[PDB]
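J.: Listed here are the chains, written in short residue letters.
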Amino acid sequence: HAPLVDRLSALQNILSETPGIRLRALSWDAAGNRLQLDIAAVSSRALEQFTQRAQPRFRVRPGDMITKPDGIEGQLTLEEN
Amino acid sequence: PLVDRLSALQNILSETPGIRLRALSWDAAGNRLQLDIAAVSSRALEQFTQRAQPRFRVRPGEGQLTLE
Numbered sequence: 315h316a317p318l319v320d321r322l323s324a325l326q327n328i329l330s331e332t333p334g335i336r337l338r339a340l341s342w343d344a345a346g347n348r349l350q351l352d353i354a355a356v357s358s359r360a361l362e363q364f365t366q367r368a369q370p371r372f373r374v375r376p377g378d379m380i381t382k383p384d385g386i387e388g389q390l391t392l393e394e395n
Numbered sequence: 317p318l319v320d321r322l323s324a325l326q327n328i329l330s331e332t333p334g335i336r337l338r339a340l341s342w343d344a345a346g347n348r349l350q351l352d353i354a355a356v357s358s359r360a361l362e363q364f365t366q367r368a369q370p371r372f373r374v375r376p377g387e388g389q390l391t392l393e
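Protein sequence lines, in the order shown, are assigned to chains A and D.
So the mapping is simple: the authors' numbering equals the position in the first sequence, first residue as 1, plus 314.
Under the authors' numbering, read the second sequence as residues 317 to 377, 387 to 393, first letter to last.
Chain A with its partners taken away, still in its complex shape:
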């Protein structure tokens, strides 16, 4: 149960390593203590790279996704592993 700031730093590192990804939004609440992310990815490869790179630090639960010819937009939930 790491501090929120430490988990955000971890997320920043993961994002810095994955250039075909951008964070569009983030939400957190004290009761659930999970990070809900809306992400934009240039391709399915870039999204999977983000998902893999977030482990084993986090457990990743994908939400809904919208795939179009210009990229993928979707939601992911990160919880501590």
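Careful: at least some of the hints might be erroneous.
Okay, the calculated beta carbon distance ranges per label pair [unchecked claim]:
| hint | chain 1 | residue 1 | chain 2 | residue 2 | range |
| --- | --- | --- | --- | --- | --- |
| 1 | D | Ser357 | A | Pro333 | 45 to 53 angstroms |
| 2 | D | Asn327 | A | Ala344 | 16 to 24 angstroms |
| 3 | A | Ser357 | D | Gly334 | 43 to 51 angstroms |
| 4 | D | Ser323 | A | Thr391 | 21 to 29 angstroms |
| 5 | A | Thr391 | D | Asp320 | 22 to 30 angstroms |
| 6 | A | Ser358 | D | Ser357 | 46 to 54 angstroms |
| 7 | A | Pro333 | D | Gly377 | 34 to 42 angstroms |
| 8 | A | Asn327 | D | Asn327 | 17 to 25 angstroms |
| 9 | D | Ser323 | A | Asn395 | 18 to 26 angstroms |
| 10 | D | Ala339 | A | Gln326 | 19 to 27 angstroms |
| 11 | A | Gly334 | D | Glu387 | 38 to 46 angstroms |
| 12 | A | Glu394 | D | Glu393 | 46 to 54 angstroms |
| 13 | A | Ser358 | D | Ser330 | 36 to 44 angstroms |
| 14 | A | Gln369 | D | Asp320 | 40 to 48 angstroms |
Keep in mind the hints are simulated off the structure, nothing from the lab.
By construction, the Cβ of each residue, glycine as well, lies at the ideal position given by its N, Cα and C atoms.
Given the structure of chain A, go ahead and fit chain D onto it with the hints provided.
T.: For chain D alone, kept in the frame of chain A given last:
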């Protein structure tokens, strides 16, 4: 960066006993932080509001505050 802004917010909160953060949301389009907070007093809320400036602009909605 979002992480730097959270760190800034943490510093503000650590200096303001009487304030608790219940939830937070950020989006790129507004480049904005929406906070659900609990304050023990109007006094504590005003101290938070003042301490958050000039780093952030504070827009008030227990309640919701928006920091940009």
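J.: All the hints need checking, so say for each whether the structure fits it.
T.: Against the structure, the hints:
Between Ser357(D) and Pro333(A) the Cβ separation comes to about 47 angstroms, which falls inside the hinted range of 45 to 53 angstroms. Separated by about 18 angstroms at the C-beta atoms, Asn327(D) and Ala344(A) satisfy the suggested range of 16 to 24 angstroms. For the pair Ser357(A) and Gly334(D), the supplied restraint of 43 to 51 angstroms holds, since their beta-carbon distance comes to about 48 angstroms. In this structure the supplied range 21 to 29 angstroms holds for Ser323(D) paired with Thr391(A), their Cβ-Cβ distance being about 23 angstroms.
For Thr391(A) and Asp320(D), the Cβ-Cβ distance of about 23 angstroms falls inside the hinted range of 22 to 30 angstroms, so the restraint holds. Range check, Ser358(A) to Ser357(D): about 51 angstroms between beta-carbon atoms, so the 46 to 54 angstroms window is met. Taken as a hint, the range 34 to 42 angstroms holds for the pair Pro333(A) and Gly377(D), whose Cβ atoms sit roughly 36 angstroms apart. The hinted range of 17 to 25 angstroms is satisfied by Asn327(A) and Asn327(D), whose Cβ atoms lie roughly 21 angstroms apart.
Look at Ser323(D) against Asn395(A): about 23 angstroms separates their beta carbons, and that is inside 18 to 26 angstroms. Range check, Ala339(D) to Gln326(A): about 20 angstroms between beta-carbon atoms, so the 19 to 27 angstroms window is met. Between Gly334(A) and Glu387(D) the beta carbons are some 40 angstroms apart, a value that agrees with the proposed interval 38 to 46 angstroms. For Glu394(A) and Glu393(D), the Cβ-Cβ distance of about 29 angstroms falls outside the hinted range of 46 to 54 angstroms, so the restraint is violated.
A beta carbon spacing of about 41 angstroms between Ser358(A) and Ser330(D) agrees with the range 36 to 44 angstroms that was offered as a hint. A C-beta distance of roughly 25 angstroms is found between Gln369(A) and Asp320(D), which places it outside the suggested range of 40 to 48 angstroms.
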